[PDB]
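Peer 1: Residue-level listing of the chains:
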Amino acid sequence: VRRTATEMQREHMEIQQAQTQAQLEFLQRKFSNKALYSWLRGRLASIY
Amino acid sequence: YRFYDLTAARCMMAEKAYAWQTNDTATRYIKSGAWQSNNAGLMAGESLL
Amino acid sequence: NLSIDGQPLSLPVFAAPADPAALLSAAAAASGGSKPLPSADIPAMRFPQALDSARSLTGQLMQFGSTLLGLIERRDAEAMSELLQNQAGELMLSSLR
Amino acid sequence: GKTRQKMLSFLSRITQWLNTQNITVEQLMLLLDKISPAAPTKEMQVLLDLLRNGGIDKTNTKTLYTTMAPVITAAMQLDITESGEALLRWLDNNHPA
Amino acid sequence: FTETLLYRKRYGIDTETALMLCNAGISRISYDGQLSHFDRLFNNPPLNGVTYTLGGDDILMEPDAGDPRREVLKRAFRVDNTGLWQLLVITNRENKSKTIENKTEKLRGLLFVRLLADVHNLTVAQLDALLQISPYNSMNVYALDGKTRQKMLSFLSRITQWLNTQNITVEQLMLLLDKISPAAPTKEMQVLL
Amino acid sequence: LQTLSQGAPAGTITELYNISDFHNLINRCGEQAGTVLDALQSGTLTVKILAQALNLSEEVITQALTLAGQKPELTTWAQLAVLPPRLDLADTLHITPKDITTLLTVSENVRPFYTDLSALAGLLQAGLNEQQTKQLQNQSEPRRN
Amino acid sequence: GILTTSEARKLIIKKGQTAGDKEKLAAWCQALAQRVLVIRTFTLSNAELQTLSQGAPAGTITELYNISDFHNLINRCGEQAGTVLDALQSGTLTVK
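Protein chains in written order, with PDB author numbering: chain A, 2180 to 2227; chain B, 2228 to 2276; chain C, 1938 to 2034; chain D, 631 to 727; chain E, 486 to 678; chain F, 776 to 920; chain G, 728 to 823.
In short, the hints are calculated from the structure, not lab data.
Careful: at least some of the hints might be erroneous.
[Stated by the list, open to error] As a list, the in silico DSS-like pairs of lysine-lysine whose alpha-carbon atoms are at most 30 Å apart:
| hint | chain 1 | residue 1 | chain 2 | residue 2 |
| --- | --- | --- | --- | --- |
| 1 | G | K742 | E | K672 |
| 2 | D | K664 | D | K636 |
| 3 | F | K846 | E | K588 |
| 4 | E | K581 | F | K909 |
Excised from the complex, chain A in its bound form:
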């Protein structure tokens, strides 16, 4: 029983890993990502 509970802890940790991957995917696909603000910063810095 303790082993089938540790396997469930392992699947829980795997679902956490998949969710961290989903959050990274979201931060990289979302519009207002680091790339957008870098472009706007460089562009506005030239204008300024």
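Dock chains B, C, D, E, F and G against chain A, hints included.
Peer 2: Showing chains B, C, D, E, F and G alone in chain A's frame:
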């Protein structure tokens, strides 16, 4: 998006009035690239101004 | 190669398990061309006034741009805050389980 | 026997150095690889457009860097526009032929 | 024989279940000093003490009908009242008859169709929904030769392992594959318009 | 709230019950409750979309309607608060709601026919687990002996 | 039977939208939603989407398979999938 269309036309009107009030048509100031689709046209106003 | 009781005298076949793979997703730069300038025409007003009329509209365009960037980043904040909650729910499921 | 031991020492030295610097052979090959040019990219067309339009980068030195560096940094996602100013100077001072 | 060995390798089933998957009839005869398949299927224990014989001419599959035999079939095939009618539909989507014969080949077809869902970790609803997106819409289990049967089983196994890999379920697949069949637009639609 | 706004009587327990039943059915609809309540606000709530929203079959809902029947015209929210009790009953007994009317007419009859009683028994027993029917038989065999 | 975007525009901009040719537009938007679902069940990125936009047949399982296979290869490409999909959008995707 459809407001930047009016703004670029106004800046072009202003450039033409500049060219007609001072006979210097070879020079041009309102240049393209004010709207970038990478940025969904953000900071078009800054470039135009 | 067993013993008198049928227990194996050899060491069992061990097998090093596989290291769990590092997840990797696609990340691409956004691509898009500029927009060409509209056709030009001499207005009704002289330059010191056409310039002011265009400067007013450019100020309004800047206000739209500020508000649009605000709304974009704010929508992306709400989308993330909801993603986090959906994840917390499907994680409390396993916790209860 | 001489070049063999020299090669083995080279391999051991570079491999322990790569293990210390926490960079792998693929990243080292990226740092050491030649150019062998090809067609430019779409992000490249974007960068070219942003440099082509806008303020003409001034011909006098020490201003070419400062006028090209903000957008260069934006395209390289460096930290500081001043680091961008210095990167162009570095690649200017020593570069593949 | 080789198909039986294969369907026993994958799905990890019994030799008897693999045989039933290999288009084998229900065996009335008690095998190996044990309960026959027919009996451990229908008469274990006989519903209401009524030993289900193959009387014939009287089984009705549309739910809104009363027949004490349909109840033994429901217990045997582990399908509910709508599930039994759905088994009948899957058995032949070209045959629109409401009743079935009480022969053994018809029960063989129903058992095979139920095993198709049981062996792939599917419901009968999910099997019915999954056979429509398949090339096996117009299928007849009583004219299902050994070639198309194995092709259908390979299709089901392939799509089910693919759905398990892509972490999408049969309902989402049916949403992706469903036709439009239009209707009245919505209020959000009026907003968009 | 907007569905109940057009005349959902509230103020006695007989009506707070139906409010809770409607609320239960809507929470079952879940992510697709917007469509259910919209088609109910118009006059086009059909059993097809209701079943697709509840993730059940049409052939369970058209039967759950028949008990206190309003089968073809799903027009008011009051017709939806009838579902959750019938659905919960047909879930707690592994039978369809069409099979619940038999349980009710026979279990309330005073001199039920033996054929009817046997048809209900087999009905209730078909939906049992395997070890469950084995336990039922282990209980029944001593009694008949 | 589902409307091209040109027809959808010509149909949204109409004097009085008839009883018919409004369920046609509802069907068009339902097809849109189904395609969004295809995009969301594979979580394909903007660049993968833009590659598939120029004629990736979708609507049967024989084709959802190839969509998933392409998506798999692109996720393998990973941080360099932008270059792969760009050189594929042009005509210079080379094995190197």
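Peer 1: Tell me, which hint numbers fail for this structure?
Peer 2: The structure breaks hints 3, 4; every other hint is satisfied.
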